[PDB]
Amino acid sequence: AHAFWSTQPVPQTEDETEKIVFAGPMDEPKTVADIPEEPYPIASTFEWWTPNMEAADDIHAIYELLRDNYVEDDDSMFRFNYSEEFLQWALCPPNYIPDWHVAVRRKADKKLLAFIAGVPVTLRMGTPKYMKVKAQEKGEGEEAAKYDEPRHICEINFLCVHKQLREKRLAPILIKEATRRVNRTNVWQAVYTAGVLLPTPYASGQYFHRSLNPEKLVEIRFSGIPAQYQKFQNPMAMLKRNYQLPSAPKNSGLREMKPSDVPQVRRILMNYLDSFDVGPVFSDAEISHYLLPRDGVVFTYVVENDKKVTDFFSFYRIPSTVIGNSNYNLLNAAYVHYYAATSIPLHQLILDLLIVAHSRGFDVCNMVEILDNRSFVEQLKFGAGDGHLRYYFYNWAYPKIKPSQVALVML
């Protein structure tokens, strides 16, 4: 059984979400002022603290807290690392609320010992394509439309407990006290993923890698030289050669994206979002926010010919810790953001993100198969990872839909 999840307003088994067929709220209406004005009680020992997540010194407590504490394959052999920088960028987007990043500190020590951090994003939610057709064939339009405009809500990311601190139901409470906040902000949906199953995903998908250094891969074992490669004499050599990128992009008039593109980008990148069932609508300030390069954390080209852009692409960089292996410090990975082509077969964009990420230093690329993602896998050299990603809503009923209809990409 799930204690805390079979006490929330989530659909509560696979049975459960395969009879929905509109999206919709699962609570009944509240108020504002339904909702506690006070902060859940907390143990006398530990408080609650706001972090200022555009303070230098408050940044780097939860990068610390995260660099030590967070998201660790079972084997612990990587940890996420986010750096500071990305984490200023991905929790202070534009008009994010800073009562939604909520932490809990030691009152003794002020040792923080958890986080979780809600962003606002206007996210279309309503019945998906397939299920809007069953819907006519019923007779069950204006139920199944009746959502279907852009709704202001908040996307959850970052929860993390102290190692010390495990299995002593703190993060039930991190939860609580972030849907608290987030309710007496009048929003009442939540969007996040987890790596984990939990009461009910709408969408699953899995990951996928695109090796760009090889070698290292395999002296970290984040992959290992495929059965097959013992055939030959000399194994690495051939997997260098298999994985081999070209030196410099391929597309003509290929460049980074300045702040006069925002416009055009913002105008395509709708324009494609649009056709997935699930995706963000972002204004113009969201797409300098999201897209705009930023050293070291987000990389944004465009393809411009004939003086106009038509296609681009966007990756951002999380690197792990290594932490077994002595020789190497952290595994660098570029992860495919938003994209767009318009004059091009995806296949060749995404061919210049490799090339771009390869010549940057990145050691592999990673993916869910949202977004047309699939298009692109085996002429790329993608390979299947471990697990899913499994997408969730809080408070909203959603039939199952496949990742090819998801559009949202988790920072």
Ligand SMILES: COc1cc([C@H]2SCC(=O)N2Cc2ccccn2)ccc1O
Contents of the next structure:
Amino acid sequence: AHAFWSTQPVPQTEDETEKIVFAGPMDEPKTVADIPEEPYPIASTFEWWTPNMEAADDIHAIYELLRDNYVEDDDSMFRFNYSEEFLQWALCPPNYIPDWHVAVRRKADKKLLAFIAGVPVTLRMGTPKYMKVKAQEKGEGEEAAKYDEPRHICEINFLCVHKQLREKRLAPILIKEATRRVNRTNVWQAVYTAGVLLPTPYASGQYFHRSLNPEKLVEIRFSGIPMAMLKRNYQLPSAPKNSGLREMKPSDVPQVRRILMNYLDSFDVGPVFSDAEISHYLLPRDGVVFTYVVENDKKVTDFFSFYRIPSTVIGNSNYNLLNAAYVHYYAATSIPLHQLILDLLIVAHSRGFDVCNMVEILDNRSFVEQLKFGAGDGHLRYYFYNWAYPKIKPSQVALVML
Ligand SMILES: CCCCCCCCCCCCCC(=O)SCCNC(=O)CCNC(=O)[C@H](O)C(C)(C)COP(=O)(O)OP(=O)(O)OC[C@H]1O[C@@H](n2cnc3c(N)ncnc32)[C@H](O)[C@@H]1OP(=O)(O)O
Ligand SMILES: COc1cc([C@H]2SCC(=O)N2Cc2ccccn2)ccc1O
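Moving from the form deposited without this ligand, what structure would you give for the form deposited with this ligand bound?
Whole complex next, starting from this chain.
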């Protein structure tokens, strides 16, 4: 059984979620007034802390916790090493809610012991297309469309319990207190992803990896194999191919918004961004996010973005860090996607990245073979809290998780 997740308003089995035909809430309907104003009880040796994620020193403390105690691969060879500048960026988008950033500290020495963050996101999460077709067949269109409006919900990430406190049931308490703070803000859904299987994902996709520095990837034992031929296989132009590719600037915001919103529209689950959220999530930030538009005749017709997450290489001597670029949002209207993403690779490689990672969401599958991405061991499972949702393919997901 799941002593925690069984008590939660999520579908409980694969079986249950094959049964779901309409999008909609699961729990009893509640009001802010129904929600306790006191934080969830925790042991007297601990205290709740709300870090200030725009304070360098508080960001550094979260940083160290995640550097030492966040997500590893199944073989404990790699561990995410999210940068401080990246943490500020991911956790402080426009209209972020400081109270959604939730820590536990040892009351004695203020040692940071645990963390979970929520940020606001406006998400389209109405009944998916294949199920609206069935609803129409059965004269149930209105029930199917009832929750079509884009919803203001919580996106959770960065759940982390210090290694020294593992399997002590501290993660359920963090999730309950996060849930409480979010509910007190009159928000009743969340979206989150995990590499592990929990009850119960609405979508799952494989990760894909494109080697940019195979010598290094082999050396750290991420890849296997002659090195001259492997280098030759993965070699890339030294400069981008699309004439008038350039980094995004602030005046591109409205057109990038337009073409992104038009594109993400075609997917069942996807975010809606204001101009302020496009500027936050897509304007270039050194070491963090990198975004390039195609502009021809003073008009932005395509773009791509990727973000950086270095990983600690745990076992190797010769290297302590892996530099990885993650495919972020993009849109193509003037060139095949593979031609657009080729430039992403050239740019990533030119800037010193070792590998380009993505999950098979969006139309990421459409360029896998031609650009030489290979399937990895990772899977990313997508979940909602308090939201019934029919199983969809990952190529119907348009929400990139950081
Ligand atoms: C309305 C708004 C709602 C807001 C909240 C929305 C929900 C958000 C949900 C969180 C979204 C997070 C998205 C990400 O950030 S996914 C990345 C999570 N982080 C890591 O994997 C870092 C390395 N690992 C750790 O820090 C710990 O092992 C964690 C903290 C993950 C578990 O700590 P620990 O190992 O010390 O265990 P425990 O004894 O305290 O707790 C055991 C219980 O925890 C359940 N568990 C294990 N892994 C996960 C997991 N990734 N999501 C949710 N639950 C998980 C597990 O099944 C068990 O419950 P049950 O099986 O007994 O029933
Ligand atoms: C080792 O395989 C994977 C690792 C990961 C995550 S787990 C901790 C981490 O640092 N990963 C990122 C990573 C590590 C090595 C190569 C590419 N991506 C995601 C997808 C994968 O296929």
